[PDB]
Every structure is written in C-alpha cells, then in structure tokens.
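In structure tokens, the next block holds one chain alone, the form deposited in one PDB entry.
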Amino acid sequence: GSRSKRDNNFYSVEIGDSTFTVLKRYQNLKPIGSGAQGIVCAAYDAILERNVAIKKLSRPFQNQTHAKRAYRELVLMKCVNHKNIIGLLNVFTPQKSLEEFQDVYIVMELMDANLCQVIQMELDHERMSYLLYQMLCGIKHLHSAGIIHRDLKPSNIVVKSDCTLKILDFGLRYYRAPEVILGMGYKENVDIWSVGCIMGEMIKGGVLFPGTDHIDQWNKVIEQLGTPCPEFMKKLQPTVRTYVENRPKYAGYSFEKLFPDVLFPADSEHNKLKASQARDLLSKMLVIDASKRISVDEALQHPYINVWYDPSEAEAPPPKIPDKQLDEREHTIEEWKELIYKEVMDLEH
C-alpha cells in the first residue's frame, strides 16, 4: 500500500500467546508481568542505551469506559513528571492506519518488582514508612491535578531495590474503599483507604479484606472494623442500604487486637513507640466512614510518615493538563478510537 513503508520500522516477537510488534530500537523482550489490560515486557532500548518496560494494550477503545481510562492514562502519564509516578518514555502503534489500529505500546522506566513480594517481606519501620510516604506523595500529586485514583493496589505500585516507589496508573476488589464498593459519593481520601489496606497487609501478611465477591467484601470489612453508624447508612442508596443493614451486627476489633505487638519489632523503646504510631495511623486510615477518615495531608504529617517529609516531593506543583483532553465530555466508540489514535500518533517520540 501507500503507507506499507512504515511497517519496516517494527519487528515482531512471540511472548507467550501474544505477538509483540515493536520499534526496532527495543531488543530482547522478556515478560515481566501481566494485568487485565496489558502484557508487560522488559526490553533493552538501543537508542537510550537502557532497559525499559513495554506494556501492550489491545483495543483500548472496546467501549466508552475502557476508552476513557486509556486516553486519560496516555494524557496523564505524558503531562505528569513526579518521582513517585511512572514516567512515559515513548508510545507507538505498529498499525499503519486508523482502520487497522488496535494495539498501543507504552514504554516506561523499568522498575524491579511490584509491591506484592515486598508485602510478604519482613519490613522494618524505616522501609515501611518510606514506602508509605512515597505512595502518599504520588497520591497527593495526583489529587493536586484533580485526579482521584480509587483503585490503588499492590500490583499497580512498583519498586526498586533502593526502596524507591512509583505508582503505575491513574485509576478508574480487596483494596477499594467502602464508598467505591457501595456506590456512594467519594472524595480524595478514598485513596487513603487503599493505603491503609496495603499498610495493614504489610504487617499482617494476609489480605485484610479478602472478599470472594462484593457483599462478601463488605462482610470482611465490618467483621474486622465493626458495623458503621446510622449516619453512614443514610448515605446509601435504598437497595444497597437494605443489604448492608440485613446482616449481623459486628462490633469489630480494637486496633490493638487487629495489629498486636507480636506482628511488629520489640527490641527497643523506639520500636515500641513505632508500633504504637503505626497502629495509630492505621486506626485513622481504616475508617469506613470517609467523613471521619484522615486526609492525605494529615497522613503526611502523622509522626509515622513525617520523618521522611520533604515539600519538594510532597508539594510539587501540579502538572499543566492540556485543555479539554481530561474533560467529562462523551463520545461515540468510533470517536474514542479516533481520539486515542491521534494521541498515540502525536505522542510518539
């Protein structure tokens, strides 16, 4: 064809049951992870002379919700530049026309692992608090851009062996806040719940609230933390409220019982203090009613976290988001495909 000459910019490699077709600069692809949206490889970028990560997203325009999330991810990864948010190095599609376009490849800095194996390590307070600080800095930065995540979880947070941390994406069941799973309103501190779930899991090993489904998720939460107040119940839609109220009246456990000293270090007065501080922060993050839950700014000032505080990191000015791109405007699926294709072709280096 007329555009067929473009194909020579790329080559293909089989990765499991998928073909990766990438720019020739990216060499020796190897799988490093998988999620729902994409398959991720490590590669050597011969132009930058460094290793990178490459995520393949197929058919990001499959419906309006998927398309909005994908477009927002491209826009935000481009305009955001913060040490605790994964950076965009390149984006491309190997297909040569709008009609043939299906796959988007996002090239990022290569981190070493996701937070999953860290959670199972024996972490001291120094490493736990620094990881949590970094997560809070990244979340604060997103919130300052008008971006509330709602879906933070260990698989979308990555680390390096120097204990640095970056969040992989920009959001929208074990880690989702009550207000998300129950379809209520939400505000910024929706993301504090998820931080609390991850912190709690670092200490307890097991997922705190391992619901087998939606209602089971709620049951795990109230069994541990107690049935919420009538003030909370009145904020529920009528059908949801009937469910939520139609079960046993759990009182919950104290945070001393949920997170006893035996799960923390006890070799010193310093560590005794830090166990108490960690438990105190957990008691302020793992709060069902968001109106009584700590904010991100308050968490960053909490003594457990604040030892790491640096305003150049926590108060970095927000990105300039380009006009309308992060709108609430709606579009047909064909229009969404066109918008994403245009963004991909514009963004490529």
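We call the rigid core the largest set of C-alpha positions that still match within 1.5 Å between the two forms. Residue numbers count along the first chain shown, from 1. What changes on going to the form deposited in another entry:
Superposing the rigid core between these two forms leaves a single residue from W218, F232, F101, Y130 with a C-alpha shift of at least 2 Å: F101. Once the rigid core is used as the reference frame, the Cα position of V91 differs between these two forms by 2 Å or more. Here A46 counts as shifted, since its C-alpha moves by at least 2 Å between these two forms after the core is aligned. With the core held fixed, the Cα of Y304 is displaced between these two forms by less than 2 Å.
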Given for the second form:
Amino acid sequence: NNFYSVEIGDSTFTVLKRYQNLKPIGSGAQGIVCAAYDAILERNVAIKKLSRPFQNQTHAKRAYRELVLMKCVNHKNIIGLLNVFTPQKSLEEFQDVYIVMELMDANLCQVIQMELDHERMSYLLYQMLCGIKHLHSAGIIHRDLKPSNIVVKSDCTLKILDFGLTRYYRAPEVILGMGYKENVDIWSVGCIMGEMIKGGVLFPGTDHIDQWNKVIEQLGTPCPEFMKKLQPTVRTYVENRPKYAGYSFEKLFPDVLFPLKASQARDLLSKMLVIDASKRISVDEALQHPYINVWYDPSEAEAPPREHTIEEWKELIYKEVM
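Next up, the form deposited in another entry in place of the form deposited in one PDB entry?
Coming up is the bare chain, nothing alongside it.
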C-alpha cells in the first residue's frame, strides 16, 4: 500500500510512493538505474535496483560490501546514500533491494571533450582528488576511475560514482600484474586531466597488450630498476619490447592546446603520468600542487575517515536493509 509498480523495459520497479516519474538513465552489470523525483525530500534521486543479489555467493558478497561501504562513506565529492528499502515484507519473501542515491546531471564523457578553461578544469580535478582522498582514508582504493563513473552537475560540482574494483585509464601496476598503493588512482586522474587537455584518449589501446605499447611509445620504456619489480613471464615481454625514449611533456602537451597556468598544468601531468608508482606524485602532494591548491579548503580536502551460505548472506543483507 506504501508501494507502487512501474515497468521499466523488462524490469518491474516496485518503489515507495514518494519516488515519482521514474525513467531509465543507464545500466551496469549491477542493475538498472532510474532517475526519480523524491516528493518527501523535494529533489531528484537515482534508484538502483540490485541485479540478482543472492543468486550466488559472488553476487551476495558484492551486494553486501556495496551496502555497508555506502553506509559508512559520507562526502560531497562522492555519490551519497539517501535510502535503502525492499518491497517484500519478510525474510522468506525477500527478493529485491533498492538503493536510492543522489542524482547528478551528466557523467564526464561529454564534458571533457568540450574544451574548458583553467578555472573549471583545475576545480573539477580538485573535487576529484578530495573524493579520492576521502575514499583512501576509508581504506578504499578505487583502481577503476574513468570518465563514465564520474558525474557532474551544471553548477560545476563533481562526484565519484562508486567504489571501483574501457581499459584506457588503468595504472601500469594494474595493466601488468604488479602490486599497488594509493597513488594507483593518481594514474587515472592523469589520463582524465590529459584527455580534457588534448581532446582525446591518451592511451587508446585496442587490448591489454596494445595498451602497454601506447604507454611506452609516449612516455618511454621504464628504467631497468622498474623492470625488476615485474614477474618472470611479463618482464620477459616488457624487457624484450623495443626501447622507446618517449616524448617530452612539452611535445606531449604543447601551448596550442591550452586557453603560467599552462606551464603548471604540464608540470602536474608529468608528475601524475609516471609509469613507476614509486616516483608518481601522491594525492596529498597533488592537492597541494600550485595548479590545484588555489581552491583548497581543509573541510573538503581533509575530512576525518568472511565466508557464508547464500541463506546467511540473504539474512545479513536483509538486516542491512532494515
């Protein structure tokens, strides 16, 4: 009686009456997403209906982790949780979970090819890095940052969409099979910043092996010390790839592409787009970089931080909804 149903494609969305005018806005493997107006809050929201949450243990563990993390992370530069509900009345009937989140206006896909100025560019990046820093402080390393999972509003505010784990934006540590740390996410910020500037994808590798080629062509074969850190097998390949000296950052990003600021933009990129993670700039040091630091505000850029049966997962998820 508190619920009503709307058909969205092949999907039936049964939601609380407060949510009105549902229309689909996209999908992932993790379910269909509708935009809706929350009458009670008087604002637009995203409603995500979870795809087969306890179909199996892999799905169940994913749904559970997503839910718990969403309840613990809270920051203006990360998509927040507004509500969680199920239309089923008991554990035995329990089938569906709905997640109500903040709605923005677009993802970055389009925004980044519409050339921006230094103020808007640096400000968006600043917001990205605050969101990232906050994720890291909650012990979350994203690893899959890309323009499709970064959303913006027409007032120039920006939010990271999800908690991550197109191959174009993944760090060398991930591409190859290395370990990783916090600044893995900085590689992605470099690729996105890079795109915004040159108008197109920095490393548009047509597969995982081509992806590598794209990088060394433009940045230059990494040092022999880096080469060591690799496995037996992949090191063989990487080390047997033809030496490239790569191009300087002046050639990779000339003045022609920019509207002193151009000079700093380039300097930041040269510190972000560095194959060897042990020499790549960090998140803190990037928030402090001259190009980004103009916007600083410690309330934004500093804010304080096993195995089950399907039947058990169902119970834990149901309790997390209640």
